[PDB]
Every structure is written in C-alpha cells, then in structure tokens.
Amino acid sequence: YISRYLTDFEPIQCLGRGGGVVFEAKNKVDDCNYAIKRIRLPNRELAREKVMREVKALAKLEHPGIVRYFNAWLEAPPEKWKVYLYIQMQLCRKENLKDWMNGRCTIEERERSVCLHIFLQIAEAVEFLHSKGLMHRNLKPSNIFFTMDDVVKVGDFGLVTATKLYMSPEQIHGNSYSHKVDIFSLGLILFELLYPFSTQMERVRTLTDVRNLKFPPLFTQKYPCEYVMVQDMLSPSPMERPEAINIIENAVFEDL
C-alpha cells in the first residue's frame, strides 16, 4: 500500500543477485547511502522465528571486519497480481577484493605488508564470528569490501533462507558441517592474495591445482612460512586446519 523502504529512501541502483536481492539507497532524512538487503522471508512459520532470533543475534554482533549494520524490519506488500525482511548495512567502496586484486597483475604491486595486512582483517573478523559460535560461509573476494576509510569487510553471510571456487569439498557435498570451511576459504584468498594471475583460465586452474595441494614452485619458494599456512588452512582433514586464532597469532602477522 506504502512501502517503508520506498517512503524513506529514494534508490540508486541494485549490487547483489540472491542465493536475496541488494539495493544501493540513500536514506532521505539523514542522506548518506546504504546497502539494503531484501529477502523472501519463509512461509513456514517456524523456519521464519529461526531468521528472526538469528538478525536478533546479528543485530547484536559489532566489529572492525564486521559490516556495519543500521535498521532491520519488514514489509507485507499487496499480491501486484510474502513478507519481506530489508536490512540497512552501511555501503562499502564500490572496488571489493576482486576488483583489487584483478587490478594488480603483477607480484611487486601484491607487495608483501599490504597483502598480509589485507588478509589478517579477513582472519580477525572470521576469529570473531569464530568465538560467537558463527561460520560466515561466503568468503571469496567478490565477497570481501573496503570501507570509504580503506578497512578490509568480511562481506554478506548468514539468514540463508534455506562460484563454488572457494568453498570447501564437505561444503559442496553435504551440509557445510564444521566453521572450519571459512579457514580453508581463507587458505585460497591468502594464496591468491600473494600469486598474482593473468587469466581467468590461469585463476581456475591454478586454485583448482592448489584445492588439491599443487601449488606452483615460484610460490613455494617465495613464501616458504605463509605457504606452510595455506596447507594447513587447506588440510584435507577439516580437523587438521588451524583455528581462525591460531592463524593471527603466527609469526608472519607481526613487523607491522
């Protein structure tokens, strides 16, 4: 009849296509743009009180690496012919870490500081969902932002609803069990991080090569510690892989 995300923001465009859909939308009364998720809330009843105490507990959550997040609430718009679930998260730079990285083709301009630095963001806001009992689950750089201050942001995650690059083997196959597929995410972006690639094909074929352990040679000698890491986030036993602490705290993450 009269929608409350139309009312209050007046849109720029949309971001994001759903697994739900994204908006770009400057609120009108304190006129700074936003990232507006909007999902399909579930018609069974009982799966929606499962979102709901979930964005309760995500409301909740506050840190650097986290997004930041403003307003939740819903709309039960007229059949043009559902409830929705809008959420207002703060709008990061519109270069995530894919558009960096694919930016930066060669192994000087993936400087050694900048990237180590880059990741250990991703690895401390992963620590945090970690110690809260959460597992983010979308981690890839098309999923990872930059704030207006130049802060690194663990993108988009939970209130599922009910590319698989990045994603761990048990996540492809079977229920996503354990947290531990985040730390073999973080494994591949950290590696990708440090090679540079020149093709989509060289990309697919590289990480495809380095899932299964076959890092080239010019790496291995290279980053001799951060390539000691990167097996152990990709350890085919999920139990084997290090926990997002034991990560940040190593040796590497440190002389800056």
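Residue numbers count along the first chain shown, from 1. Rigid core here is just the name for the largest C-alpha set that superposes within 1.5 Å across the two forms. What changes on going to the form deposited in another entry:
Lining up the core between the two forms shows that one residue from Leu61, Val228, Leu207, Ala47 moves its Cα 2 Å or more, and that residue is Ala47.
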Contents of the next structure:
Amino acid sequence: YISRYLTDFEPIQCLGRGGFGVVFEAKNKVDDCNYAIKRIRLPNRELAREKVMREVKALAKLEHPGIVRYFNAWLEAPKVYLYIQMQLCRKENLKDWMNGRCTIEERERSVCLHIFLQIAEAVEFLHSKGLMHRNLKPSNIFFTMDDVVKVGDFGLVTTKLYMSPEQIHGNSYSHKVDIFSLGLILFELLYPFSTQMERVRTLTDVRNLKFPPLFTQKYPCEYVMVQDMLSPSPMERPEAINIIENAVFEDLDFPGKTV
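Coords for the form deposited in another entry, given the form deposited in one PDB entry:
Only a single chain is listed, so you will not see partners or other molecules.
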C-alpha cells in the first residue's frame, strides 16, 4: 500500500494533537514548502463522519486574509484517515503571545485593537458567508510568519471560558455565539495577567459583567463594547459588522506597524 502522505512529504515534527486529530509539520517534496498537516481518524459514527466530510468541504471554499489558508485534503485507508494540508503558522499562538506579554506596557492599546480587529474581521467574514466559528478562543488564533492573525479550528489540546451561555447549557444558538467569545478576547488582550489563577478568576467575573475597576477607567469605550458583546441575551449582542465599524478602530498605529 502506497501512502500519499509518506510519498509526497518529508516529515519534520509533530506539532501536537486534539480531538480526532494529530498535526504535523511536513515539507512537500515537489514544491519544497513546509505545511501544517492535520490527520483526522474518521470516527466509527456515521453522523460524526457526516459532519467531518461536510466541514472539510466547507473550509476548502474559504478565502480571507484572517482565515487559515487551505491547500489540499485527502483520504488514506491503510481505520480511515482524512488529511488536511494548510499553511504553516508560527508555533506561538494568541494564548502564548499573551502569556509572553504580562505587563500593561506590553499591551499597548493600538497593538491589541489592531489584533482584535483582525479577529473580528475574520468572524465577520464567516458570518457574511452564513457560517459561524462556535469555538472562538485564543488557542484557535495563530499568526502567519509576518504576524498576520489567522483564525481556524486548530485543535491542539495541551476550556469553556470563552463559550456563550447558550452553548454551555446545551441550548440552540446562532452566529451570536461568536460575538460572546469576541467580548472576552477583547478584554483579555487589553488586560494582562501574572498568574493562571488570576486569569481564571477575572475572566469568570468578566463573563458575569463584573469588571476590574482599573480596566473601566483606562478603557471606557472598550468597556462598553465588551459589555454589549457579553449580553446573556444573544439578540442584544452587536453584529460583527457593527463592532468593526466602531470608532476605536480608526487610524490604528504603533511604532513598528507594517507599511
């Protein structure tokens, strides 16, 4: 049996694993580029298989600067494996980026807003296509080699903190679930943590609209935005288009910014 993956790619390293999958960095032999390749073992459940096959077809249609870039998808039956070849991001994701910036000086307003705008625009792209993310969190947000923000479903398991209340309670939901996730991410970008204990305590309070007093005073506009985004009632949350048009996102600049 000839394995498509082993014939066409030189394996470099394992990047991690999560859910049905394992992810590898591998060099394509013919084109000489390095790719991220997710190998998903298809489950012994027809409805879960149905979903997986739908999801791969749906991602193959997607093209946006803030969405992870697709190359190929294929099946191998040596257990059936689905391989998905995407553009290789940097190893450190948004979660790691925030854990390496634990002071207020390292979270300058315009830098965080620039990053948040990229995420929000990726989300708005999905919503405009009648899609949603459902699982938006910092560990699902990576960077390209040139620091362009990339949203995907990375599935590297090393959390329900960013999940809307309607999902946590297992109720039906709408694209508005992603707006709830964005609210928490915006807060987290602007508010650096020293310990994981502090992070969990504070983010839990923020979910319930309890804010650190020094955050409300420093960032009054962003405070209002986060409140609205974190409404318990999904209807009350603003559309992604209304967030990206907010005044705080105009003329964003910082020393070192591209172009």
